[PDB]
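*Asks:* Below are the chains, spelled out letter by letter.
6 protein chains.
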Amino acid sequence: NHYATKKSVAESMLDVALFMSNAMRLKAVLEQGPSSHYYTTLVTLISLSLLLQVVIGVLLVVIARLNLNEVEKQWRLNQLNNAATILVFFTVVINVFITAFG
Amino acid sequence: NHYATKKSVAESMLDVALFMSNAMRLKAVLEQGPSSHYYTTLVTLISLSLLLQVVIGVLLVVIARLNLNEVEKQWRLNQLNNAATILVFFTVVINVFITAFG
Amino acid sequence: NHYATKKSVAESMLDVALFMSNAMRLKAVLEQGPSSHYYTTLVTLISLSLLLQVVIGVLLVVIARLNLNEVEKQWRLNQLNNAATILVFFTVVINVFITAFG
Amino acid sequence: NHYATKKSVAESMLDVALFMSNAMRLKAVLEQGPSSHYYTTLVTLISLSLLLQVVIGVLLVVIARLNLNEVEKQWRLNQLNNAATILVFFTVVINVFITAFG
Amino acid sequence: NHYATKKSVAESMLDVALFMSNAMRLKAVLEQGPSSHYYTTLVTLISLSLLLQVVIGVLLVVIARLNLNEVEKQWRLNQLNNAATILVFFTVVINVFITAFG
Amino acid sequence: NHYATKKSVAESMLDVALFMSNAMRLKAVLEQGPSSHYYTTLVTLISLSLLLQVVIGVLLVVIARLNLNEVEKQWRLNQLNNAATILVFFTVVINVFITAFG
Ligand SMILES: CC(C)CCC[C@@H](C)[C@H]1CC[C@H]2[C@@H]3CC=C4C[C@@H](O)CC[C@]4(C)[C@H]3CC[C@]12C
Ligand SMILES: CC(C)CCC[C@@H](C)[C@H]1CC[C@H]2[C@@H]3CC=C4C[C@@H](O)CC[C@]4(C)[C@H]3CC[C@]12C
Ligand SMILES: CC(C)CCC[C@@H](C)[C@H]1CC[C@H]2[C@@H]3CC=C4C[C@@H](O)CC[C@]4(C)[C@H]3CC[C@]12C
Ligand SMILES: CC(C)CCC[C@@H](C)[C@H]1CC[C@H]2[C@@H]3CC=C4C[C@@H](O)CC[C@]4(C)[C@H]3CC[C@]12C
Ligand SMILES: CC(C)CCC[C@@H](C)[C@H]1CC[C@H]2[C@@H]3CC=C4C[C@@H](O)CC[C@]4(C)[C@H]3CC[C@]12C
Ligand SMILES: CC(C)CCC[C@@H](C)[C@H]1CC[C@H]2[C@@H]3CC=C4C[C@@H](O)CC[C@]4(C)[C@H]3CC[C@]12C
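Residue numbers (the authors' numbering), protein chains in the order written: chain B, 25 to 126; chain A, 25 to 126; chain C, 25 to 126; chain D, 25 to 126; chain E, 25 to 126; chain F, 25 to 126.
Read the hints as simulated data drawn from the structure, not as lab findings.
Don't take every hint at face value.
DSBU-like cross-link-like pairs, simulated, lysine-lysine; straight-line CA separation at most 35 Å [said to hold, decoys possible]:
#1 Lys97/E - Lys97/F
#2 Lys97/A - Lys31/E
#3 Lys97/A - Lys30/A
Same shape as in the complex, but just chain B:
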């Protein structure tokens, strides 16, 4: 099998617990109606939270592939590691606001 090997890697670098938790939260607020409180802020907070997770997932794929294969450049890795670390940090910050406003 070859697809199963890819699925494990692609599922290794994504928080399925947090990603799936936000999935129903977007659904629950959507069925609650635009007139409901914090509808406008919760939609954008969740949307960019999931959006940041996708970009995080893509970045983690690049770093993992580039780590062992490439050994010459290290300055590119340092920038990518910082961007991956910082982007994860903003997901932690957003999740608190979702929890606080939820």
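Got chain B sorted already, so can you dock chains A, C, D, E and F with the ligands onto it with the hints?
*Replies:* Just chains A, C, D, E and F with the ligands now, kept in the frame of chain B:
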């Protein structure tokens, strides 16, 4: 037999367990009627979910053939491996939205 | 899992208990109405308090990465260390004003 | 005079002709009232064009100071030069949308 | 001036007459109402028409910068030129349908 | 300019008159209703004609780029030229067939 030899390879690089579930779920949503909730979003989510699997399957066929037969080209494998791994990632992401909205 | 590793670092350098407390305080005054006493000063004090934590978190990310990898430069580290310590100092002052005015 | 020397350089890397036009455009839409058509989209489009203009100006300050002063590093300049050009590109793109929706 | 040097270069890789035209058509159909004939297909055709040009513009910035500065890497340029030339081709095809459906 | 050169190159290798005529014929047939005689055959014929035209354009872009840049390979060029010629043969036959049923 020579066809069974090809059929094993053509089945090894496909998640037939996952592909069949999306196939049956697509059947259910169509028979539930357009008036059913999330009809417009579920069809496109499943459609490109199935589409991404076929594209991944085609990519896996090329990578497997090019692995052992050719060794000089190395960036082409790295681009294809990164494209295959990332394409698998969005199937994982889309599957999450399928379960959440289903 | 790699996102767990990134979540470990991104959460170690954040005052989660205080960040959550300020976020909930901000929601309470917001629902309390602009006519509430000390509305204007409470919002700006909390707002820049949360802003300071985000800036501190990013600075702590840079310092944590640059410590072990970089050894040629130390004057840059000294400036970055002082900015983080002083920025943390102004945070402590704010919650004193927040607690006093709340 | 020294503030004259700084003032000229500060204006050498800013398009005051374009900057001032948006400022009056933001004033016009702000006084026109939220009830005006395309109020929400105009405010965000104009504001982030102004914000992008400031960020470009700060980037140009760094490049000018670093260009003649520094000769060893070259990768940093190319990354800064590119981000300067692409950031200008979005201002051109955004300005077209303000003109179209004006 | 230094902003004009970037702005003139960033404008040399855009067809502003072509970009501005599509922006007006998008405004025209939008004010015309969702009930209008071919409202749905016109919105999505124009939306990806504009979106494609931004992607080409970003690629054109990279291509121009990389051409003179770097000379060792050659296969990267051919992929970038192929992506730019093909993406321009799809813009021509899309513009045909918008004219046809308008 | 740079987008102008790309648009000229991409427009050289597309028969815009035939594409535009096919698009108008498809639009007219679609407006004429499903009850129209030869509806489904006309729809599928025009759709596959447009698809063949797009594929021909992509192949021509690839051949035009690969001609001067690469000289070591000739058999691939011969295969691509044969495929392009055969595809234009089929699309010409298709337009003849639509003209017959028009
Ligand atoms: C609104 C936000 C969430 C979206 C856009 C923010 C992103 C693109 C920006 C905001 C702050 C930025 C970081 C700020 C500081 C550093 C440290 C430096 O040594 C390398 C670049 C790096 C790592 C930047 C990478 C890009 C970054 C993460
Ligand atoms: C909406 C989506 C599913 C359609 C478009 C997806 C495809 C065409 C795009 C989206 C993101 C892209 C990837 C983004 C980043 C990289 C890393 C780079 O080193 C090689 C190319 C590679 C691997 C790209 C390959 C093509 C890619 C997978
Ligand atoms: C009023 C506050 C909240 C906003 C501005 C704060 C920041 C930008 C300023 C205010 C005081 C400043 C510090 C004042 C004194 C020192 C010691 C000196 O040897 C190095 C710079 C350093 C470490 C400064 C760093 C930047 C600093 C922290
Ligand atoms: C929505 C917009 C306005 C905000 C985000 C834009 C910024 C943060 C991003 C988006 C596209 C990015 C650029 C995309 C491509 C390149 C070329 C590469 O060789 C160096 C990085 C560079 C130059 C990136 C710099 C940062 C960049 C400009
Ligand atoms: C529906 C469309 C607009 C979205 C996806 C289109 C883009 C991402 C895809 C579709 C066809 C692709 C091209 C197909 C063939 C080639 C030739 C090869 O030697 C290099 C890659 C290149 C140049 C591909 C680049 C990416 C490409 C242009
Ligand atoms: C429904 C139809 C139009 C789609 C299938 C057509 C394509 C995929 C097929 C049909 C006929 C085929 C061609 C038939 C004969 C030749 C000559 C041979 O020396 C090289 C391959 C080449 C050039 C084939 C290329 C692919 C081809 C053009």
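*Asks:* Each hint: holds or not?
*Replies:* Verification of the supplied hints:
1. Restraint check for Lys97/E and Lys97/F: the C-alpha separation of about 20 Å stays at or below 35 Å, so the hint holds.
2. For the given pair, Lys97/A sits about 40 Å from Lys31/E by alpha-carbon distance, which is inconsistent with the 35 Å threshold.
3. At roughly 25 Å between alpha-carbon atoms, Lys97/A and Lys30/A fall within 35 Å of each other, so this suggested pair holds.
In terms of the numbered hints stated before, the structure departs from hint 2 and from no other.
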